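We begin with a single chain expressed as structure tokens, specifically the form deposited without the ligand.
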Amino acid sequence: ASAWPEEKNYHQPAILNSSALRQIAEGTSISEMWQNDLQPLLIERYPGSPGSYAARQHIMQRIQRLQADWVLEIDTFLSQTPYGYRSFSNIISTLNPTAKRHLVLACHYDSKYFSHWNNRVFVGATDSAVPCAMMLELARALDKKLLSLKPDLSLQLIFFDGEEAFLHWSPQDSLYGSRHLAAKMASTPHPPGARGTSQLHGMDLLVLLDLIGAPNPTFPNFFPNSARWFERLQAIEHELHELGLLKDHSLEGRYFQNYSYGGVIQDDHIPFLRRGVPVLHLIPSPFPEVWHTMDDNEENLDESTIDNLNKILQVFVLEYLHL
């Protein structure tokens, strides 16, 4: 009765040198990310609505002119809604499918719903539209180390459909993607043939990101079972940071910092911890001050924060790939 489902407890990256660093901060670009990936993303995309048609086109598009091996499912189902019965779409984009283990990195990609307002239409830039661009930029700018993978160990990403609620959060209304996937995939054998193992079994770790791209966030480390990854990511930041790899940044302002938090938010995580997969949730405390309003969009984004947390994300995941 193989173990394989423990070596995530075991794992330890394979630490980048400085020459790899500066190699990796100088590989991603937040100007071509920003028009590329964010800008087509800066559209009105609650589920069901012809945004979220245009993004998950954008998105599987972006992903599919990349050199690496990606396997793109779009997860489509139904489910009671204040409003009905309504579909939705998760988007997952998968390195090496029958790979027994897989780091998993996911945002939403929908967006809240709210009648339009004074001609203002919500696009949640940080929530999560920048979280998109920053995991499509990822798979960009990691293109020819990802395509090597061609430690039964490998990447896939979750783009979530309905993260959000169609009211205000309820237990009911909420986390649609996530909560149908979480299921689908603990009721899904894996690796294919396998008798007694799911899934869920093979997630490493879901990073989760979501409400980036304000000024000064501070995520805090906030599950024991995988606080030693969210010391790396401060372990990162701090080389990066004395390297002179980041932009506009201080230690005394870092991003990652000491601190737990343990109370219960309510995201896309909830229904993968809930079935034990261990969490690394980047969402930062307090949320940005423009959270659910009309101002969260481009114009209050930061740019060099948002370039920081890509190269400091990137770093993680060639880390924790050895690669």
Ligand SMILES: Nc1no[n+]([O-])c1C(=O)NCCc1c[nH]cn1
Given for the second form:
Number of protein chains: 6
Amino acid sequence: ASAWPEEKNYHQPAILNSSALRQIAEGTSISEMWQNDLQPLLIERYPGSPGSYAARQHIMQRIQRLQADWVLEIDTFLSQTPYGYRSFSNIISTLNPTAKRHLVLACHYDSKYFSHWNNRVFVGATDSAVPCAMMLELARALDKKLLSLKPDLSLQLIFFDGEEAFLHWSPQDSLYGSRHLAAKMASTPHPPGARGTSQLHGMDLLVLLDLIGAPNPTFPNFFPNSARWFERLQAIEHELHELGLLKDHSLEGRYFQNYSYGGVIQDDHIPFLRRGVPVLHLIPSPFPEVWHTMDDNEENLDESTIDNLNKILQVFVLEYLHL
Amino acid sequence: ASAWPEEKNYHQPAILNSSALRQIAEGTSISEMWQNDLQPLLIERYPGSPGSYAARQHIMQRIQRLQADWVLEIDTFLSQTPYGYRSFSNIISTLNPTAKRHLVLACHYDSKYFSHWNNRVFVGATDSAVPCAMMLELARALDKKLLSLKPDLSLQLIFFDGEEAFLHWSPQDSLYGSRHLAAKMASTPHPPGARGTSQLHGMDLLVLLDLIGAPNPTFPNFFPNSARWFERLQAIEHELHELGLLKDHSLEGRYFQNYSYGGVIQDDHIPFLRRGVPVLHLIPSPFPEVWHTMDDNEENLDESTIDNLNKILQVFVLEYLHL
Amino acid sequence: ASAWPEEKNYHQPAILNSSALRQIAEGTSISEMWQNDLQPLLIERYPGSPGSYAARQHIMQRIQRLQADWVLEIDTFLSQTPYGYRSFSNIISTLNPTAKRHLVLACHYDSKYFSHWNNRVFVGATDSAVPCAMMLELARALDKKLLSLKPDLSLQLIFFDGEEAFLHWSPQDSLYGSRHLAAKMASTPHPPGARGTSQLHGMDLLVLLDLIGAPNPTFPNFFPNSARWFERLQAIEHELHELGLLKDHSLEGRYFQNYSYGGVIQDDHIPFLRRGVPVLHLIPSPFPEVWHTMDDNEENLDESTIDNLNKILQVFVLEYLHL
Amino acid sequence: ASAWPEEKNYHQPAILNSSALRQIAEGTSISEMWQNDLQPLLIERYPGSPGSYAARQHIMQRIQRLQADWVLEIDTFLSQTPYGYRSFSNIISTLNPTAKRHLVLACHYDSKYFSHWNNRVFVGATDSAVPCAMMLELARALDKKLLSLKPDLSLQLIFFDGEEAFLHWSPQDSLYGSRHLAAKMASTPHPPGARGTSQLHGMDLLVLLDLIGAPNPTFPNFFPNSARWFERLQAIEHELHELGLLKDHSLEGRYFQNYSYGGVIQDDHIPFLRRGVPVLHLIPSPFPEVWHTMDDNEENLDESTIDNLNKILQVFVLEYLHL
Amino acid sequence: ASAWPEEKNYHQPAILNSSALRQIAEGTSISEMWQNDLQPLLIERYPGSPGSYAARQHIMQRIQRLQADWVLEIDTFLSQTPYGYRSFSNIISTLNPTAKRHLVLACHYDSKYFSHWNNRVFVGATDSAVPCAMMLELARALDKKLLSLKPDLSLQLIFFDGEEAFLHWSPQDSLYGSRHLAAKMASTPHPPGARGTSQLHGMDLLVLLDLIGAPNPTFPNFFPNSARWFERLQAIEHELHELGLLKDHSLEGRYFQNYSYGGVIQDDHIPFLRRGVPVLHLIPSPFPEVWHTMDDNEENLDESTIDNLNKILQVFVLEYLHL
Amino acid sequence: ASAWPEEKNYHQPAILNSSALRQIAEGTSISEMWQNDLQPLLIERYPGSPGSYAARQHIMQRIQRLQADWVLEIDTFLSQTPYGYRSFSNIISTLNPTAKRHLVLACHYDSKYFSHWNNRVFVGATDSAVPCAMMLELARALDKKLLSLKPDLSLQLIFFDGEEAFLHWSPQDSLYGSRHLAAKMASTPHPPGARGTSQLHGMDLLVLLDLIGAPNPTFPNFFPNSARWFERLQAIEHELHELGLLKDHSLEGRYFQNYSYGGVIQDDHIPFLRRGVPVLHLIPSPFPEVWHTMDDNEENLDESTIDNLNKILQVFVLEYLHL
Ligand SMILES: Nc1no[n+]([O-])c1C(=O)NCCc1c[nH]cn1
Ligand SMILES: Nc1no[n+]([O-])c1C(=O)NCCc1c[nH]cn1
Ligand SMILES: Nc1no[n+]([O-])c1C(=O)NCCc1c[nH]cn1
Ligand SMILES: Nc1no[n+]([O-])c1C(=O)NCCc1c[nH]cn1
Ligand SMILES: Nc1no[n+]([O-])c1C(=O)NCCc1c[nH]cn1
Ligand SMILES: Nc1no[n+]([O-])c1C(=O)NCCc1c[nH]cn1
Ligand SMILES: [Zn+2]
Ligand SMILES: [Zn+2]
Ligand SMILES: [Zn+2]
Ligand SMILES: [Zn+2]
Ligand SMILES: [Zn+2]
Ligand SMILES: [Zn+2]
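Please show me the structure of the same protein in the form deposited with the ligand bound, now that we have looked at it in the form deposited without the ligand.
Up next: the whole complex, starting with the chain shown before.
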């Protein structure tokens, strides 16, 4: 076989040190994200709606304005759903695509479909507009540090379409945009010209964000193939706490508790899991109280904890990429 | 699509108030149930046995003697099992079947098959004769309040046959009566003449009872699509406690702890789950100590906690139906 | 097992004799059928269309006007299709349903869906309005002889809905009304109270008619489990020829040639085949020239050969039922 | 739905007339094809071999030298086989890809893998190097007539890789390059921006060539969804015969006999069939005598009948495209 | 891979010559077989019956009395059927099992189960007691010639149990003894110690006999992977005819007509086919007139054609083994 | 059905008493095991490697030197994997195989395959060489007590091959040696001559050991069909603690906590679970810190806790067998 597609089982982080942490924390503006990155996404955006187009556009526009050589690829495809065949459009933003190994961050940008009620619309603030914004802010706050990319490894952002079901959650009505990109990736030579290494083999770890934005989340540690990376999150959250770099945060209310989760949760990682991609599944258990109700809006987001998680994740990424 | 089959995502309860609670509690006789409803069911009743006929008869007889317009329907069908094709008979008791939306309570009335041992027979007192009786007592205690039904919503009772395996638990040997009614329902126009709304779309929530009757149960909160309804149970159990309306009950031993359950349990809800029916799964974890042994009899039932749960469930129902 | 559900492997016909043949032939009016039974069905009648309702009504109305105790049952159900869940309605007309054994005749009354072209509509005259009419005329011509039913065996007519695909022929888009009645039957005790005999076990033979009405058909002999019954058709066609009871008919152009067919054809019999129901599949090979074009209309039907087949089938039925 | 993806059920040919036939026949050089198009392909070319690269290159080179705006696309992908994951490369040559409707010709360019025997190699002259060449010659002979394309319909050539099994014929070891392009096509918006029309909907008819080059072939008529197009082939073969435009040809030995084929043959059309693409399957029954032996070489090809079929197919194409 | 498991694609026969044919024909006694080999098998012998034991015993006893080093192996196993799990017992008789390559002859020795009718029992003379006897006589007539085995190739006899369905033909109720030996073989190192060659790889060709014993059979040529071997049968039948070595035989009624069979027949070869074992399927099309009726007895066998086929098959075997 | 294959639902232990415990504890030498049983297994031993042969040999050699009538059976088979078909070899050591009921202990002796890194090899000390040794020591320490076997019940050891995936964990790449022995067992008459009792029916309980050897394990209680047996382990661990028979052990750090595990873990028990075999799954949750890294070696094993578990398991076995 090829030498490099093992490089990840042994990859270790460049732990940052207090001077570094203080700057990463300095370099994220929850307020900037909240008005520049997230408020434009708090619209109805089910697949095929005009809001899917708006959101797609907004995401690329806010990436393009950055300096790093982000290579965007809209992957409009078709797939079968209750109401017939329909058009979806995953958004993929990659740095150094030539490269063999990528750390991937991901969420879904579609919003579940709901019939208007009481003249209220479902905009899906935790599920999953915040995660979209968190990934945009991360691309910004770290634009400079991420210029340094031109260890052959880099960063990819995936914003899946069609995470949600049109009707009722089932394996056949769900994960439209993930089930499709898993397969396409699984079947693409990587690097170009290989003859045994697919594009998953370059997927070092899939950090999937989902249902984030409520207060007092608890994130379980879901899979052992990635639990060492979960512990970094705990550590990163601890040190960021003892430096006074977090807001309204308590160690008695940490976000990353070493509580293991035997059971399963269906989500855009399965298509990549079952094919043995290592996964960090940053979805909370229990889900936000407002889950799948019209009350999942901006008013019920907690600024402080989106800010704390932003700071943690950005460190985790610089630490994974050695930056 | 049709307007009404969303009515349940937004349905909220008519919380009862202390004068109301005191009467619901006054209006259940654990002793009446135990001699009139449950003792006749503590017989061997595997599918096709004479005890299946006895139990079927007993259930209808005890319903018919009530005043509300309970419409009974025995749904004798056939399905394949290890030992060949066999005859099963789900029992379905419905109020206002014309109506579009139903809250459904359910258990299984078959008893697992066991070869007599030491001249002892398996009668399955927790699994699941008690749940049968709990649903009969609920129909009685609330007969009057349930006359008021002639918000288009009502109550259905399902007593599945063939929950248990004949040989060894497997997806192919199990859930005979549920796998069959799920499908039949899924394919029945509701309301009559519709052209897109099946009979599940009228299944507002499936409250499935199973393995109840032992002391000191703990019921986990299994699915988020129904966790708000689980919290009502906690609340209802709390208020009923602080009013002195419970027996031998301790808040340090509540039955409904906010302990989440990642993994899965196979049971008559799966056929209705996988098709996206919201489920409250009132089965305890851990299972009774006597589970699937000849020691699951009447002597090892705890009167007090069947009484406490009876009282809680009846409130939950009046609260769900606004009565 | 039960004794009787073998009765069919050994069932033999009461061959009719020239005086009898001459009367059956006397007793069918191709002209009556063509104006009373078939012309009302030459309308667009895809599932859910108003023409499905018209056709459904017309079929029952023309049965009800007969004397025999035809027991009609409309079996409106729901099932999943490309464009979503939809409503279908099989029509079932039975004589002596109490009885254990039935010879079943069947076709499909839906018409394939097509977008109007050149202001032309698909009415599906061979596929399958003629077979519908042929089964109505058979019920009429033999009304008297079929009064004699009150060997426990009788006659059933099935007119399936949703034979055709909405989009493109596939196992998932096809046979909506057959796949559903096969299963329901397979799971229904027969006789009522049995405990091992489904309702297929009473399905002695399924004579399925399809794509009939063109000139010069050739019907292959498809399955050995029913080839003895195919030979009766040949014989019945021969004797009816040598008696001068056929029109524009030639033995060098017989309809039932002992030409075997190795391959397979998908059609409403599969759901009943794969469950081991014996099948006579009266569909021609090759299909009419006009198959699935707007040219499959009334002008391109051949009166003479619909008349010849009508006469043959009616004999076959009286011969199978001993009448 | 969209109007145009029905355009094919009603599409009819522009029959050519004797002056036209004489020129198409004049315009094909069996000798040119045999030295310029086919002899370079009579090499071992299993997937991944150097001969796969040679053949791939040769095919594109011989297309590029033409005048029409052939748009080539090599679709290197990966898929699982007995011996592991491996790299395949379908070749796709399209004219007017912008357009909505395409008539597609196709064969496979891989050669079955065989361990050298007696110092002999399998080069697969009928299976399927000849069909490759026949499609190249067709692109040449008709280059001029095919310039006229800039009824929105055009022509596509597909040369699948991995038709053959590596080990033993099975659904899991076969059709690597077809099973993959069917799916990718099925999921691609066509035209770009559509939201219900895949790229199959533009696949008007799939004319698949395979196992051609032996003498005295007989081609059955496999599917009714395309039998009208098979009859054109018969007609085209007849008229070309009665004009003296064929060599060593006899009507008592026609190639296209109205002999129907009930059973099935597995081949690159299945992936496109099961998804309802209309298919003309030009594979003979029986297969060449030399099938899958080292004797399937150039010495055992019959020039005359490759020439006759070349002439017929080219007419069929001009007739389908109205040229 | 290993060199030898290709040896069969290129294996060719040692055609016998008139002096040889005359002796093979001299050396078979239809009368001996009919009283010594077949009459003991004309008993009810469904799986688990006492007749299965009788037949099993009879088969081994009649082999053991021979001189060649026949190594018998009864492969009693269990598998699931309608009426539950049941015990089957394939019989396997092998010469030179150490060896890598085997020509395999096979039939099934179970008889379909039928409830006695008119005090008549199903003994399955063509289906398949005759084929059993034909394989025993072949072992005898050629005992001497088959001593010569101690080209590493030899002969195996398989008599499957449970070919027939207990209830109704289906993929789940059928081929119990074949589906099981296919798998076991597929997973057994051959030769012992190999690490890639299963025991199928030593299965050079599977000659499966079934439904033989009626007059005027016609055997189609089913698969091209074995059609060269079918032609040997034609040839062998021709030469044996023109030598006056056949009885009541006519070339206008040959048994092996070059009539191809597109469709499929389910039978003990499928388990070995789908895994790419080359198959000669000696079952007639059409099936005997008496197929699956109580009339499939000894009185309706035709001595002459069992004798003619015996002679042909024995030649085919000596010709395949070079003896 | 047969009487005895229920004997296990009611089987209860012969609890040992302090004099007995002290001797079992006296009779295990962690030091002997560690040099005689385990150190020879700390080699690279993926399937087909020379180390698989070494380990296979070592296991049998160390059994054969014992006195009890251990009947060894190497079950070399073949099965499909990413890189092709490959050869595996389960090791099975049985006492009193004639007998109907067996308590089975098991682990896997293969080691996951890894490409050498930093000149380091994966030897899989917890996963699962220690469990191998623990089962050998158990056979030794109890050799004498296990002579007493000549309640028809005995002990079986299974050392599966191919537990691990070659590439990435999936249902298709995993459990090669278990998926194969489950099936073979499921289909073997037991006792020999039975006709309904497979060899699973003699599998009283499957105690599967895996990932053992690290400090401070926590073993959850996975299935209720075996939770009574898990409680024995707790009890046995408690009493062994309060007798001073354990080392470096704390009740605040017990190994068997009554912590239930809702979710699932894939492992050699599934093939036997899904077929309803009762399972005690002694794998810890969480997995060792060194899981699937080169750091899972001998240096990071904790002598004390392997010793404590050895002592506990040996008691559990004598207690299950009444010795
Ligand atoms: N349980 C569920 N019942 O319904 N759903 O959807 C469920 C679910 O688990 N969804 C996955 C998590 C999620 C939802 N939205 C975003 N992520
Ligand atoms: N685990 C199991 N192993 O076996 N079974 O049955 C199991 C099981 O989970 N059954 C479902 C719960 C139940 C049993 N009786 C009523 N409800
Ligand atoms: N081939 C086909 N390709 O498309 N279809 O539908 C096909 C087909 O075989 N249909 C079954 C026969 C039939 C059609 N209409 C009524 N009976
Ligand atoms: N039967 C077969 N047994 O093996 N195979 O491959 C078979 C087969 O049918 N292959 C499909 C036709 C073909 C072969 N080469 C090109 N086209
Ligand atoms: N068609 C059938 N319908 O029912 N069956 O069994 C059928 C069948 O094809 N059986 C296979 C051939 C056979 C039967 N007996 C021995 N060989
Ligand atoms: N999760 C996993 N992700 O990858 N694997 O293998 C996983 C796993 O669960 N393996 C089963 C436990 C095991 C491993 N080695 C021995 N037992
Ligand atoms: Zn959501
Ligand atoms: Zn139970
Ligand atoms: Zn049609
Ligand atoms: Zn080929
Ligand atoms: Zn048979
Ligand atoms: Zn492992």
